[PDB]
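Asker: The residues making up each chain are set out below.
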Amino acid sequence: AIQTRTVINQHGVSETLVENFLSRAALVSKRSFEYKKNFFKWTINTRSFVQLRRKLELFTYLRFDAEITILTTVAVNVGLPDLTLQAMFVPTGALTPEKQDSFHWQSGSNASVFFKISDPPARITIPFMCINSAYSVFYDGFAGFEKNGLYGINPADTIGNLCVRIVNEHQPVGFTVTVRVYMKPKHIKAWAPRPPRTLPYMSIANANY
Amino acid sequence: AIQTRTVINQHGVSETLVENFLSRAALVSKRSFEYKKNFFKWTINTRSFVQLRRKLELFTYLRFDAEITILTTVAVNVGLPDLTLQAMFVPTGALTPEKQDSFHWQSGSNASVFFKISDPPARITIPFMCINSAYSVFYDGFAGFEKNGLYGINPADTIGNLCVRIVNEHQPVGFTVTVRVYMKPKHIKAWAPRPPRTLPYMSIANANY
Amino acid sequence: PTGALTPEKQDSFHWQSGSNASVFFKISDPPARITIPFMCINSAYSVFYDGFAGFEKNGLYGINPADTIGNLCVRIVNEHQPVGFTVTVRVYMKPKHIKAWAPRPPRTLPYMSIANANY
Amino acid sequence: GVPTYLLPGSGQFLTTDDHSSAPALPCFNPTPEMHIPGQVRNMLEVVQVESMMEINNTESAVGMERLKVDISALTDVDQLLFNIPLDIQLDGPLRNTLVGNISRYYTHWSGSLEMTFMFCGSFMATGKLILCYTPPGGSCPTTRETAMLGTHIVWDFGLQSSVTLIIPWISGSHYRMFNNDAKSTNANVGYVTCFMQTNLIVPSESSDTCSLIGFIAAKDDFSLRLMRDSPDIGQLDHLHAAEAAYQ
Amino acid sequence: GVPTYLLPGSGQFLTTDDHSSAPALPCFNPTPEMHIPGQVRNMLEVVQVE
Amino acid sequence: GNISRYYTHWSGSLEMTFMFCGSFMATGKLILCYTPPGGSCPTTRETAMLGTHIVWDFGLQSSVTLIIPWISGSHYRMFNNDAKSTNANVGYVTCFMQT
Amino acid sequence: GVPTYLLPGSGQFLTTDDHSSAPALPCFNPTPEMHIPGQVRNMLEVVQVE
Amino acid sequence: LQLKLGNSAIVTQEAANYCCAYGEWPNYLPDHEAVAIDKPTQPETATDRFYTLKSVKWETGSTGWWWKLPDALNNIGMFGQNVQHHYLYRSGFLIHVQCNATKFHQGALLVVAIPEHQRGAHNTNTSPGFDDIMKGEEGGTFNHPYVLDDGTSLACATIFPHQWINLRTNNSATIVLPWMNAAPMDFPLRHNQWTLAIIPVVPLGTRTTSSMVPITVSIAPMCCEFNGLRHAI
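Protein chains in written order, with the authors' numbering: chain A, 42 to 77, 88 to 128, 136 to 267; chain B, 42 to 77, 88 to 128, 136 to 267; chain C, 149 to 267; chain D, 1 to 247; chain E, 1 to 50; chain F, 100 to 198; chain G, 1 to 50; chain H, 14 to 246.
Bound conformation, chain A alone:
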C-alpha cells in the first residue's frame, strides 16, 4: 500500500461527450451449437451483460444504430473444408425459422449475408427501427391491457432477431461452432439522465433487488 502523487494538467472537454461515451463495441452474445437446435437464434435485446446494461440505464430515451459484427470460430470433433455461413436478420412481422432446412431461409424479403470462415468477419449496420422517436429504456406501463400483461414491455421497442446457419450439406465429420456478436452504437442522441444503479441485478426482464 504505497501512496503516491503526481500533478495533472488537462484541457480536454470533448472526451466525455455522449457520442464517444457509448461507441466502444462491446460483446453482446456468445453461444455455441453443434452440427452433425442446430443453429443460433438470438433476440437483439441489449440488457444481456451487466457491464453494458448499467452504462445504458443512466438515460431514459436514446436513439442509435446497431453495427453488428459476427465473429465465428469453428472446430472438428483436423482440417475443415470451406465452410459457408448465412446470417439472416428477421425483423418483426416476418417469420423466424424453426429448423435448419426450413423454407424461411429462402425468403427474399429479409436481408442475409453469406460469409466464409477464411474471410474477415461479417458486418452489417441496422437502422433505427423503433416506431416511436426513441428507444424507451424504462417503460412504466403494460402492453397487456386487461389484468394480465407483463409489466414494462413496450410493444414499439422491439428490433428483431438474427439467425446463423451452416449452409453446407451433411458431411461425415461433425464440428462445433462458436458465435460471438459485437454491437457498436452509432449516432447517439440521449435524453433525460437518471441516477445509476447500486444494488445487483436479479432478472433480465425487470428491475428487482
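Watch out, some of these pointers could steer you wrong.
[Said to hold, decoys possible] Some chain A residues flagged as far from chain F (calculated, every beta-carbon gap over 12 Å):
| id | residue |
| --- | --- |
| 1 | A66 |
| 2 | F74 |
| 3 | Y76 |
| 4 | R181 |
[Said to hold, decoys possible] In silico DSS-like links for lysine-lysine, alpha-carbon gap of 30 Å or less:
| id | chain 1 | residue 1 | chain 2 | residue 2 |
| --- | --- | --- | --- | --- |
| 5 | D | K219 | B | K247 |
| 6 | B | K88 | F | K183 |
| 7 | B | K71 | B | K244 |
| 8 | B | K157 | A | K71 |
| 9 | B | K92 | B | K244 |
| 10 | F | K183 | B | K92 |
| 11 | B | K174 | B | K247 |
| 12 | B | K205 | H | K116 |
| 13 | B | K77 | A | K71 |
| 14 | H | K116 | D | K128 |
| 15 | C | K157 | B | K71 |
| 16 | B | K106 | D | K183 |
| 17 | H | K52 | H | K17 |
Bear in mind the hints are in silico, worked out from the structure with no lab data behind them.
Positions of the beta carbon are idealized from the N, C-alpha and C atoms, including for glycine.
For this one, chain A is given, so just place chains B, C, D, E, F, G and H on it according to the hints.
Answerer: Relative to chain A, chains B, C, D, E, F, G and H alone:
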C-alpha cells in the same frame, strides 16, 4: 590484417537527426506458451534488451508513440485449423486477466484486435500515455514515501501491458505458439543528453555494476 | 551491410539486431521485394580495378575495398517441427537508373575463375 | 468499383518502412507540451562538446590515473612524454571519449577536430614543451630534432596554461571486403606527440611534480553516415530479475 | 487497373475503429425526430447537479 | 463519485453546501474548517481555528456554501504484478461545536 | 472505404515489369556524382568506332 | 565584487561569470491554471539568502563530494520550514563554490551539476536504500569516481553544465540552475532534481604534508514558490 584507405566525400546532415536516430523497430519481447499459464502477458517496459536500452539512455526525458507489431508463428505438437487470436491492451486502472477464460477478456472498455494466423501481422499505435510531459528515463526518487520504497520507480511513467490469447475451444491437437513484439518509436522529442554507459548491466530494475 | 556482423548459426543473437533491415514474408504471399541504394563510397562501381588492396607484398590483385555491398541471409523463423523439409531460394536482381562510362572490348575466351580474368 | 491487382511484395513487413497505423485509443488527449530546457535535435550537438581523453597510455595505470601525465623535476631534456594515435575505432586514448562513442553507431566518418591541453602545476613553476603533428603519411618521430622539422608549436608554462591545436582532417570506415567474416583495420591517420624542450623549474616550496590534462572536441563539419549497432557493452549477461513482466 | 499492395495490419478487427458499413436495409425511412425535453450532450452536465 | 468511476484521471474544483433542519426558534453556532492536503485532521477546536474556518450560526441563515479549491487523482498500477496503490488523502472538511 | 475487385493476373511476377519498390534503407544519402570522362548513353556510339 | 541577495551577502569574490546551465533562468510559472489551482503563494523576500554549508577538507587522498540540492536545504532555515506544511514547490538555484589556497599549491577540480542522478550500488543486486540517498546537509562521497557511481564515465561528464577550478588560475565557480523537471511542480521530500558534484581530477601536492585547502559551497534558491495555504472559504 590488410590496411586499406578510400577518400570520402559527404554532404548530408539530416541522417543524425533524433527523429531518424530512433525509428528502427527493434524487437522487445519473445516468449512462447503451450496451449493444450496458457497466454502471453508482458508489461510494456523498454529496458528488456541491452541493444536498445543503452541507445535509449543517452537522454534524460523523451516523448514518443509506440507502434506495436505482433508477429505470431504457430506449430502442432500437421495442419492447423484457422486459429484466431486476441491481443487486448490493458492500461493502468483496468484489471488484467489471470486465466484464459476470465471475464476480463469480455471487457468492452479496453481495445482489442482479432487477427488470424494467415493474415499479415497485427498493428496498433499507442499514444503518449504518461501524465507528466515526458517519460523520465532516469528518476532520482522514491515512489514509496516512508522508509521502504523501491528506488527509481516513477509512478507516472508506466504505460500498461498487453495480453495475447488463443480464442478457440479445446481441440484434440495441442500446439505451441511463439509471439514476437516489435516496437517502433514515432515522433521523437528528446531532451538533456547524458554520457553513455560503458560497464555492463546487472539488473533490469536499477543501474548497478 | 559492411561493418555489421553476419550470423553464423540459425538462432544467433545477430538476427535480433535492430539496425539492419529485414523482411518477414510467408510462403503463400507474392514474393518479397526490396530495393537497395548505391552503397559504394566512390562515385561508381569499379568493374575492373588495376590495383592491390593489400599494400605490402601479399594482397589479392584487383579487389577494390570500396566496391563491396553486403550480403543477405535467409532463415526459417519457425521452431523445430516433427517434419523436415527442403527449401530452395532464387534471387532476381534488376539494375535500375543506369549510368555507364568508358566502354571496353568484349571478352571472347571463356572464363576460368570468379576472382580474376584468367584464360 | 475500382479494379485492382497486387504487386509482388504485398503483405510483407520491413522493419524500416513508414506507414500509418490504426490508433488503439482515439478520442484521447495526451498531456500538453511544456518547455523543458535543453532540447537536442541533432546528434552533432553532442560531439562538439569537449571531453577529456586518456593521455597516460601505459600499462598498470588503474583508475582515474589514466587522465594525467606527471612531469617531475628529475626529467632529462628531449624525452617523449606521450603520443596520441588519431584512431577513433581502435583501443587508445580516443576510444572512451564523447566523439568516439557516438561515432560507433555510424560507419563512415570524416571531419576536422580540435584538441586542447591544460597545465595543472603551481603558480611559480615554468618551463617549455613542444607539440608536433604528423600527417598521415609519415611515421611517429622519436627524437626531438627530427620532430621539430614537422608542424610544431613551442608552448611554455608561465604565460598561458592552455593551448589549442587544430587537427585538419580525418576519415575512416570498416572495410569488410572478403568472402568470410574478416576485419580490415583502417590505416593509422596522424599522430600528436610531445617532447620536453627545457627542464621544469620549481621553487624550494612547491612540489616538484606537475600534471597535464588533454581535451578533444569535433568541429562543425564532422559528418557521419550509415548507422550500425555498437559492440560497447557486451552481448548479454545474467539479469537478476529478467522476467519481472511475465509473473 | 490501379496497382495495390497490402500493409501489415490488413483484415484485423479493432474494437475502437471507425469505418463505414453496408446498410442491412436501404430505402428505409426511420421515424423522424421530435423535440423531447431534457437532452444531455456532455457528461459534465450530470456532475454539476447537487 | 459514480460518473468519475468510469474515468481514470480527474482534476477540478468542488462546492459543498450544508443545510440545517431544526425548528424556527432554535439558535447556536458551529465552525467549519478546511484542511489543505499537506497537514492532517485537527482534533481540538483551538488547533482547528488557526486553519481556514468560517463561524456559521443558525438563527440568521439555514444554508452555507463552502468552496473546495482543487482536487486530483489517479490509480497508479506501477509494479510488475497485480497490485493497487491508493492515492494519498487530499483534504478534509471537519466541524466543531462552538456554543 | 473504396470498393475493389481483383483482375486475373494479380500477384504474378514478370521479369520485365516496371514498378516502385520499398527502399531497404531510407534516410541514406549516397555519394554524390562526379564528372567522370567518357560517358556512353547509347550503344550506337560503340558500333561507329573503327 | 559582492553578491548581495536579500538578508545576507557573500562579499569580496574573484571575477566570476553567471554561466547559466543550458540557456534559461527560473521564469516563475508563466501560465498553468490547469494544475493545482490555488495560486502559488510565491515567497520572494524571505528565502533568497545564500545558505552557506559546512567547509569540507581537500587532502591528497580525497576522492569527491556530492549533494542533492532539494535535499540539502530541507532542514536549514526559512526554506527548510516551507518544505514542511507545503507539498508542491518550484524553484531554481544558484551555486557558488570557492576554495582558497596560496601560490604554492597545485590541483584541479571539476564542479559539475547532474540532472536526475540515479545512483547505483557496487557488486550487488539490491537497489540503494532510503538512507544511502537522503544523506542531508553533510552530503556524501564517491566510492568509485571514475564511473560516477552508475557506470557512465567521467571522461564524458563534461556534457553537463560544468566549470573548472584550476588553482593556478582561479579559485571560484558559479552555476545558475533552471527548473529541470517534466512536471510543472514537484514534491520536495522524495524527489531530487539536481545533484551538485565536485571531483578532484589532479590531486594536490606540496613539499610539506596534507595541507587542508578547505572549500566552501553556498546555495541560494532563485525564484521559489509553493502551494497556497490560505484560501477564502
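Asker: What are the numbers of the hints the structure violates, in ascending order?
Answerer: Violated hints: 11 and 12; rest satisfied.
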